[PDB]
Every structure is written in structure tokens, then in C-alpha cells.
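*Asks:* What follows is each chain in one-letter form.
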Amino acid sequence: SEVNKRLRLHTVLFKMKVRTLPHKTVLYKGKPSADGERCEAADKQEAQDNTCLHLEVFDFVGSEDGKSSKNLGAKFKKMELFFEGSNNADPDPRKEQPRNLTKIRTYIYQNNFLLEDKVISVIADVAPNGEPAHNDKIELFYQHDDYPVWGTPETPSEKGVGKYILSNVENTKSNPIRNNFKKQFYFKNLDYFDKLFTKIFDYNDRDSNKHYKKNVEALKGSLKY
Amino acid sequence: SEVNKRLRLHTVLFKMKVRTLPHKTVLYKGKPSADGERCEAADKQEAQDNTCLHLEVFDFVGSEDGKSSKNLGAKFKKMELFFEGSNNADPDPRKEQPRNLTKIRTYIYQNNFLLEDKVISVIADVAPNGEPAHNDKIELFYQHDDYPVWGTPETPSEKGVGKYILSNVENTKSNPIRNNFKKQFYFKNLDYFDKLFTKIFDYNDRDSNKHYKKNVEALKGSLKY
Amino acid sequence: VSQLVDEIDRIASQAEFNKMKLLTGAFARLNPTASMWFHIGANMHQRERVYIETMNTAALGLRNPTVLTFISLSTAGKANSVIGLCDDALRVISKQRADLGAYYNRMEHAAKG
Amino acid sequence: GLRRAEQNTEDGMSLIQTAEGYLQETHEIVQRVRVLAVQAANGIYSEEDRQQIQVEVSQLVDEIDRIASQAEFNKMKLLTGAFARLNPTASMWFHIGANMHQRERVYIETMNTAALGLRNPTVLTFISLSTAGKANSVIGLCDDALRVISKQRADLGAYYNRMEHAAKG
Amino acid sequence: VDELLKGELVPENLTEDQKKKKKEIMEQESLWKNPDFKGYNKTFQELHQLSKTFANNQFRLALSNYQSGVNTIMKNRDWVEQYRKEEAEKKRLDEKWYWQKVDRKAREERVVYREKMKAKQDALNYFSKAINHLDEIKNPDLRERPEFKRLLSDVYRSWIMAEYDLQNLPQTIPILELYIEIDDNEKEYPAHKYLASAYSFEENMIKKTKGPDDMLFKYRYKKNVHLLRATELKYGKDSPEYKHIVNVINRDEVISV
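Protein chains in written order, with the authors' numbering: chain g, 17 to 241; chain R, 17 to 241; chain P, 114 to 226; chain e, 58 to 226; chain Q, 7 to 19, 24 to 267.
Source of the hints: derived by calculation from the structure; they are not laboratory data. Be careful, since some hints might not be right.
Here are the computed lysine-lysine pairs in the DSS-like style, where the Cα-Cα straight-line distance is at most 30 Å [claimed, not checked]:
| hint | chain 1 | residue 1 | chain 2 | residue 2 |
| --- | --- | --- | --- | --- |
| 1 | Q | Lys31 | R | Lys229 |
| 2 | Q | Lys29 | e | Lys208 |
| 3 | Q | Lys148 | R | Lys134 |
| 4 | R | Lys111 | R | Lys91 |
| 5 | R | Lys189 | R | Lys40 |
| 6 | Q | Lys33 | R | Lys93 |
| 7 | g | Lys204 | g | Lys236 |
| 8 | Q | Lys62 | Q | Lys101 |
| 9 | R | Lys91 | Q | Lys101 |
| 10 | Q | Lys101 | R | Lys230 |
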């Protein structure tokens with residue numbers, strides 16, 4: 017797919033301060049927490065100590081029927097990029113070289129208050145770059161109504177329940193779960209956050225040009241007298 | 017019959033690009049398969065290597081009763097023409113010497129759904145030209161609900177079943193099946209497909225005329241300024 | 114117009130005599146589900162066929178039988194073309210009204226005879 | 058059944074005719090505002106004069122709300138949005154036949170000051186004429202206020218003609 | 007590679027184990043040969059909807075509706091071209107004032123406009139019937155074949171183009187979305203151009219009728235998504251055209267600081 021290679025260019029966000037964010041979008045940077053499960057927001061967002069990106073997009077249940085304000089539930093889909101090694105010495109974020117990805121974590125949350133339905137889906141790919149076919153290194157974790165508890169591995173009796181790897185499921189013509197998973201959700205999910213990451217940087221990069229132009233404009237006010 | 021000569025003049029479609037398909041008409045060029053039972057469309061449609069002319073005519077059961085859209089029948093009639101010898105080197109299909117037919121395949125299909133009555137009647141002629149009376153080389157394969165197997169010959173004890181040559185059938189004054197078949201089915205189907213062959217060849221020539229008209233018309237339209 | 118076209122479809126499906134639907138196209142001529150015969154004799158083969166044609170908004174041409182979109186009267190441009198369909202609509206209605214009278218008279222003299 | 062069902066249609070026509078009865082008074086009061094907004098739109102009046110024009114508008118917009126609140130048909134409010142399409146609390150179905158699946162739905166939308174645009178559903182402040190500039194912008198709003206009332210009366214008249222034909226048949 | 011040149015969804019006709031199975035099945039049914047039999051239970055007969063012959067048949071019906079619907083548009087262009095050709099060829103012996111030309115020319119346009127709009131609805135019915143033939147096939151094995159992918163794209167392509175002329179923009183949204191889920195159709199800019207207009211059309215309708223902001227954002231978001239996506243597929247990324255669109259979307263959407 018070569019998509020995750022293009023995600024390597026998104027390391028410029030570490031040394032660039034984030035001011036322009038789209039509606040219902042949350043982004044910050046920090047250091048990996050214990051066990052490398054998630055990211056912990058650093059107190060300073062410009063230091064080289066940070067090695068991770070956190071990006072969250074949240075929505076509301078009932079926005080498809082105009083009842084978003086009715087408080088029918090909450091949902092959010094967020095993805096993170098894990099980087100290895102320290103940042104470059106210079107603090108300029110314009111010139112940053114592509115860097116490898118430790119792992120790509122996909123988090124899906126969807127809770128319905130009235131139906132008392134809650135779906136939490138976690139997808140982690142510990143081998144983003146290095147091998148085009150790394151199915152066995154893709155961890156899937158499905159939780160439904162707080163069952164099973166976090167960290168419970170898949171059992172042969174309950175297939176698909178709990179944390180497991182992508183290679184467990186079949187790719188038969190009868191139930192091509194794996195092939196559909198790549199075509200239906202995974203390919204579109206990566207591209208959606210790929211464009212969004214570029215969307216955030218270009219917006220904040222543009223504001224750098226304007227403030228240079230704003231100073232030029234106020235200086236021309238002296239030419240009239 | 018004097019129809020096969022008209023069929024031998026249809027060799028101009030190998031190097032002619034066809035896009036204007038008449039109603040209920042399918043045409044393509046390909047190469048003979050193993051034992052010449054069927055044909056497969058080549059990857060390249062303008063290549064001289066093609067030696068086949070597959071003309072398919074759509075039909076339906078229930079269109080006469082207006083219940084075709086109710087999924088109550090299925091039938092179609094198609095024929096295949098096999099040539100010999102490589103086509104001429106020039107890419108212009110307008111000038112093309114007539115090419116003899118290696119063999120003629122007639123494929124008549126009929127499949128009722130409610131009655132579960134499926135009838136397949138395939139007629140193959142391997143001596144299209146040279147011998148006006150070539151009944152000994154016209155295979156008549158009749159299959160009704162997968163009875164018998166494909167290509168199974170006919171035994172004198174159980175006549176009328178499987179693939180048999182036209183020389184087997186009686187032609188007595190009581191049952192002149194030979195003269196009955198030619199007047200009822202074969203002669204009608206030959207001219208129907210032969211005339212359709214001429215329509216397709218001339219229809220794409222008209223499209224060239226329209227493309228000729230489109231260019232010249234725009235040239236003189238710039239004289240208004 | 115949406116109210117008027119709705120009523121016509123309502124009438125066609127709800128036109129019922131002795132738990133039998135009539136104006137929905139059940140007893141048409143080309144593709145009928147049921148054929149109506151009346152016994153006007155005391156013998157074995159004294160039977161005459163009766164036809165009631167389809168009289169829904171699809172048959173009248175007001176609405177497309179496939180897309181189920183009816184006539185447009187929100188624009189004066191197509192409002193002029195709406196009149197032409199109305200002439201065709203009433204004519205098909207008028208033709209069937211004469212047929213019902215024609216069958217009625219054929220039966221009326223038979224009762225007299 | 059058919060005789061009793063035809064009696065239901067007349068009961069239905071009682072609902073639609075009575076429902077349209079209040080919309081004429083609502084139409085009258087808005088047209089009273091429309092000409093008044095033209096009066097204050099000109100600059101010959103001071104702010105003291107325009108205040109007395111607003112005193113009339115205080116009652117007129119108030120009287121529109123009391124129409125929707127007290128509008129009843131068989132102890133059931135109609136114009137308060139309770140029978141609308143998008144966010145209804147009840148559905149108005151009329152049974153006009155002698156069989157089981159023969160009933161039609163009638164939508165009566167919202168006809169309070171908030172619905173017509175003359176009031177803010179959130180801020181809860183209505184239009185005022187105490188300013189010459191404000192009065193110029195009330196002429197445009199009262200025009201679209203009339204459009205909604207006219208649109209609703211078009212539908213009530215549309216159903217009533219259909220209900221009239223059904224009873225005859 | 008031409009999928010339509012095949013002329014069938016799949017050519018349906024080896025193993026001795028399978029051949030022996032065929033011979034014993036045909037004789038069981040041959041003893042029960044009742045051509046006038048009609049089963050009281052439809053469940054066993056419904057299994058024929060999974061056959062290759064059934065799918066090989068519904069493909070022809072949709073193709074016939076598609077091919078016939080093509081000729082409606084094709085013949086319309088020939089008529090209009092011949093119509094305006096004859097208007098300028100016939101002599102106008104009663105024409106000596108300038109405003110005579112303006113009215114006569116304007117009369118031709120209304121004649122032509124009637125011809126085109128009549129052709130569209132005439133062609134649209136064939137396209138709509140083609141859709142219903144493709145959606146009733148219940149063989150997932152045969153739904154992924156190249157022939158099915160080509161025709162379902164062509165039927166949707168002509169269906170959306172014809173529906174656009176009749177100002178039925180909101181009805182093209184479901185069909186357009188199903189069109190961009192097949193093969194490389196998502197890489198074509200025209201498919202994303204209509205989505206920009208169609209979602210803009212729905213955006214105005216909610217805006218015009220003063221609906222909830224929730225549906226406004228949904229149509230606004232999908233508008234900007236396919237407006238920028240269509241820009242990428244035509245001029246390329248970081249093009250001067252692409253840069254201007256971002257500025258337009260910048261003021262259009264909502265940002266947080």
C-alpha cells in the first residue's frame with residue numbers, strides 16, 4: 017500500500033507549535049507511557065524529548081438525525097504515531113527528515129446512552145515499515161460492554177473476543193474477513209488521518225508567512241506622509 | 017445456400033474497432049481454444065493474430081408475455097466463426113481479401129426457470145465451403161437438462177441424443193427432417209447473423225463519417241469572427 | 114397535486130367488492146392474475162368474460178411506473194405539458210367507463226331475455 | 058363500515074377546517090405588523106415616537122403566541138408543533154375506510170412566534186421597532202413570516218379538498 | 007482489457027468424480043420428469059437464484075437496458091445537430107429585420123430544449139431498470155468478476171449523468187457513493203465533482219429551510235472533502251489551483267485557535 021511510508025513525513029509536527037485545529041479535532045505530543053500502550057501528554061510541546069504524536073477526532077451520537085444536542089451518546093476515533101530516537105538539534109520545524117515509525121495505534125470508541133451500547137476497538141500495528149505483509153504483527157482488541165477486561169488474550173472458544181493478532185482470522189472466499197478489513201476500514205482509516213496530519217501542518221505553516229507580511233503592511237503606512 | 021460467401025466477406029472486422037453495438041448484439045474477436053470447442057477473447061482487439069468472429073444475439077423468455085422482468089426465463093442465440101491463415105499486414109480494415117471459414121459453430125440456448133426446462137442445442141459445421149452437400153460434417157448436439165454429457169456421440173439404438181452428424185437423420189418422404197431443418201432453422205439463422213454482421217461494419221463506418229463531419233464543421237465555424 | 118395523486122392510488126387499492134380488488138389491475142386483459150366469468154345460463158358452457166383494466170396512477174401516466182415520480186406542477190414550463198397528460202388520463206378513464214356500461218347493457222338484456 | 062367511515066371523514070374535515078380557522082387571525086395580525094414596520098422605517102419619527110409603535114408590536118407578537126397555545130380541537134393542541142413531521146410527539150391519522158389498512162396522516166406544523174422567525178428559539182427575544190435601522194429589517198422578516206402561514210394554509214386547504222372528494226366517493 | 011466484449015457475466019459449461031455425480035442426478039430427475047410441475051414450496055426453487063445461469067441472464071437484461079438507454083442519448087444528438095443544420099439551410103425569404111432573427115433563434119432553443127429533456131427521461135427509465143437487474147443477483151462469487159464491475163460502473167455513470175440534467179441532484183448521492191467503491195473509480199475527478207455539487211445542493215436546502223446545524227455540517231464537510239479531492243485528481247497536489255481551493259475551504263469550514 018506504501019501508505020505508512022507517507023506517514024513518516026509527519027515528524028515535522030514536533031517542533032511546530034499547533035494553533036490552527038479543525039472543529040472537533042484534538043492533537044498533542046508527548047512521550048510513551050508504561051508498556052508503550054499509549055502516549056502521555058508532555059508539559060512542554062516543543063522539547064526534543066517527545067517521540068509520539070496524539071491525534072483525536074470526536075463526534076456525537078445522534079448527529080445523523082439532527083439530535084446531537086439531545087445527548088444521546090459520545091464517540092471518538094483517534095490514531096497515534098510512535099517514533100524512535102530523538103529530534104534534530106536545530107529547532108526549525110520546516111526542515112525535518114522522515115523518520116521510522118515504532119508502531120501505529122488506532123483507537124475506536126462509540127458509546128450509546130439510551131441503548132446502553134458501548135463499543136471500544138483498538139488496533140495496533142507494531143511493524144509499520146519494514147515488510148509489506150506483516151499481518152501477524154497487527155494487534156486487534158475488541159471490547160463490548162466492558163467485556164472482556166483490558167489485556168485479556170483471545171481464547172480458542174471465543175474467537176474475535178479480546179486482544180488478538182490479524183493472522184488469526186481467515187481469508188477464505190466464504191468469509192474474507194482479512195481482505196475486507198484491508199479494503200473496507202484499514203485503508204480508508206490510514207488515509208483519513210494521513211490527509212488530516214498534512215491538513216493541520218499546512219494551516220499552521222501558512223500563518224508563518226502572514227505575520228511576515230503583516231509587518232510589511234504596517235511599514236507601508238509611513239509612505240503616505 | 018449461397019450464404020457462406022457472404023460470411024467469408026466478414027473478415028474486415030479483425031482490424032476494425034467496434035464501439036457501435038446494435039441492439040442485443042455482442043461481437044468480439046479471439047483465438048481458437050483446445051479442440052475448437054469454444055473461443056476466448058484476446059487481450060488485444062486490433063491484433064492480426066485473431067481468427068475468430070463471435071456474434072451473440074440476446075433474447076428472453078416472457079418478453080412476449082411482458083413478464084421478462086419477473087425473472088421467468090432465459091435464452092440467447094449466438095454463433096462462432098473460425099478462420100484460417102494470418103490476416104494481412106496493413107492495419108486498414110477497409111481493404112481486406114475474403115477469408116475462408118475453418119468451421120461454423122451455432123449455439124442456440126434456452127432455459128426456463130419455473131418449468132426447470134433447460135435445453136441447449138449446439139450445431140457445428142466444419143466444411144463451410146467447397147461442398148454444397150456436406151451433411152456428413154455438420155454435428156448436431158442436443159442437450160436437455162444435462163442429458164447427455166457434453167460431446168457425447170449418438171448410438172443407433174438410442175437416436176436423437178447427444179452430438180450426431182446430419183447424415184444420421186432420416187430424410188424420407190414421411191419424415192424429411194433434413195429439408196425441414198434447413199428451411200426452418202439453419203437458413204433463417206444464417207441470413208439473420210450475416211445481415212447483422214454487415215450492419216456492424218457499416219455502423220462504425222458511419223461513426224467515422226460523423227467524426228469526419230465533426231472536424232470539418234468546426235473548421236468553418238471560425239469564419240464568424 | 115400530491116394530495117390528489119395520493120387519493121387516486123388510495124382508491125385503486127381500496128376499490129373492493131366481496132373482498133375482491135377491482136381497479137388495481139387484478140382483472141386486466143394482457144397480464145391478469147384472475148379472470149372474471151359470470152354464469153348467465155343454466156348449461157355447462159354459458160360463460161362470458163369480464164375485464165376491468167388497471168386504474169392506478171402508474172397506468173394513468175401521472176407517475177412513472179419505475180421511479181414512482183409523479184407530474185410536476187411547480188414550474189410553469191412543465192405546467193403546460195401537464196395538461197396534455199390530463200387529456201390522456203381522462204380518455205383512458207372515459208374508455209373504461211364506457212366498457213363498464215357496455216358490459217352492463219349486455220347483461221341487462223340477458224336478464225330480460 | 059362505509060357509512061361510519063364516511064362519518065369519520067366529516068370528523069376529519071372538522072379538524073382541518075377548525076385548524077385553518079386560527080391561521081386567518083394569525084395572518085391578519087402579521088399583516089398589521091407589516092404595514093407598521095413601513096411606518097417606522099422612515100426617519101421623520103424620533104425614538105420616543107417609535108417606542109409607541111413598539112407598544113403595539115408588544116401585544117401583536119404576544120397575541121400570536123396565545124393563538125397557538127389555546128388552539129384546540131377536541132382537547133388537543135394542534136399548532137404547537139405536537140403534530141409536526143420532523144420532531145413530533147403524536148401523529149394525526151384519519152381512518153376514512155371500512156378496512157384495516159386505510160388511514161392517512163395529516164401534518165400540522167408549528168405556528169408560534171419562534172417558528173415563524175419573529176422570535177429567537179434560544180435567545181428568546183422578538184423583533185423590535187424602536188430603531189429606524191431595525192424597522193427596515195423587520196419588513197423583510199414579516200414577509201417570510203407570511204410565507205410560512207400561507208404555506209401552511211395551502212396544505213390545510215389541500216387536504217380538505219382531498220377529504221371532500223373522499224367523502225363523496 | 008474489455009469486460010463488455012465478453013458479452014456475459016461468466017461462461018458456464024471434467025472431473026470423473028463430478029461427472030459420475032452428474033449422471034446419477036440427471037437420471038433421478040428424468041424419472042421425475044414433470045414439465046408441468048410447480049412446487050407448492052418456493053424455498054427449493056429459490057435456490058435457482060444462486061445459479062450461474064440466472065446471473066448470466068440478469069446481466070443481459072441490464073445490458074440491454076443500458077444499450078437501449080445509450081441510443082436514446084445518441085439519437086438525440088443526431089437530431090439536434092440535424093435540426094440546427096436544417097434551420098440555417100432553409101431559406102428565410104420573409105427575414106429582413108434584426109429582431110426577426112432573435113425570436114426565431116430563441117424558438118429553436120425551446121424546440122431543442124424539449125428534445126433533450128424528453129430524451130433524458132426516456133433514457134433515464136432504461137437506466138433505472140438496469141439498476142434493478144444488477145441489484146437482484148445473489149451470487150457473491152460472480153459479483154467480483156470484471157464484467158460485473160464494468161457494467162455496474164457504466165450503468166451508474168450514465169444514470170448519474172442523466173439524473174443530473176433533470177435537477178435531481180439529491181438522488182445522485184447514494185449512487186455516486188456506490189460508484190467510488192469499485193476498482194479505481196475513486197481516482198477519477200468527475201466522480202468527485204458531482205459530489206461537490208450534490209452536497210452543495212443539499213447544503214443549500216437545509217440552509218434555505220433553516221434546518222438543524224448538524225445536517226448542515228455533514229453536507230458541508232462532505233462538500234469540502236470531494237471539492238478538494240477533485241482538485242487533487244485533475245491539476246495535481248500543490249498546484250496553483252489546489253492552493254486557492256484550500257483558502258476557499260479555509261473560510262468555509264470551522265477552525266479552532
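*Asks:* Look at each hint and say if it fits the structure.
*Replies:* Checked hints:
1. Between the alpha carbons of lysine 31(Q) and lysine 229(R) the distance comes to roughly 61 Å, so the proposed pair goes past 30 Å and is violated.
2. At most 30 Å may separate the alpha-carbon atoms for a hinted pair to count; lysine 29(Q) and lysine 208(e) exceed this at roughly 72 Å.
3. For the proposed pair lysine 148(Q) and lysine 134(R), the alpha carbon gap of about 20 Å is at most 30 Å, so the pair holds.
4. A C-alpha spacing of about 36 Å is found between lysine 111(R) and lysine 91(R), which places the hinted pair above 30 Å, so the restraint is violated.
5. In summary, the hint linking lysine 189(R) to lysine 40(R) is not supported, as the alpha carbons are separated by about 39 Å, beyond the 30 Å threshold.
6. Between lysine 33(Q) and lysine 93(R) the CA atoms are separated by roughly 27 Å; this keeps the pair inside 30 Å, and the hint holds.
7. Taken as a hint, the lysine 204(g) and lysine 236(g) pair is broken in the structure, with Cα atoms around 49 Å apart against an allowance of 30 Å.
8. A distance of roughly 61 Å separates the Cα atoms of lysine 62(Q) and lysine 101(Q); the hinted pair therefore is violated under the 30 Å criterion.
9. Proposed proximity of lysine 91(R) and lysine 101(Q) is contradicted: the alpha carbons are some 53 Å apart, above 30 Å.
10. A hinted pair counts as satisfied when its Cα atoms are at most 30 Å apart, and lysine 101(Q) with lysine 230(R) qualifies at roughly 24 Å.
Taken one by one, the earlier hints fail for this structure at numbers 1, 2, 4, 5, 7, 8, 9, listed in ascending order.
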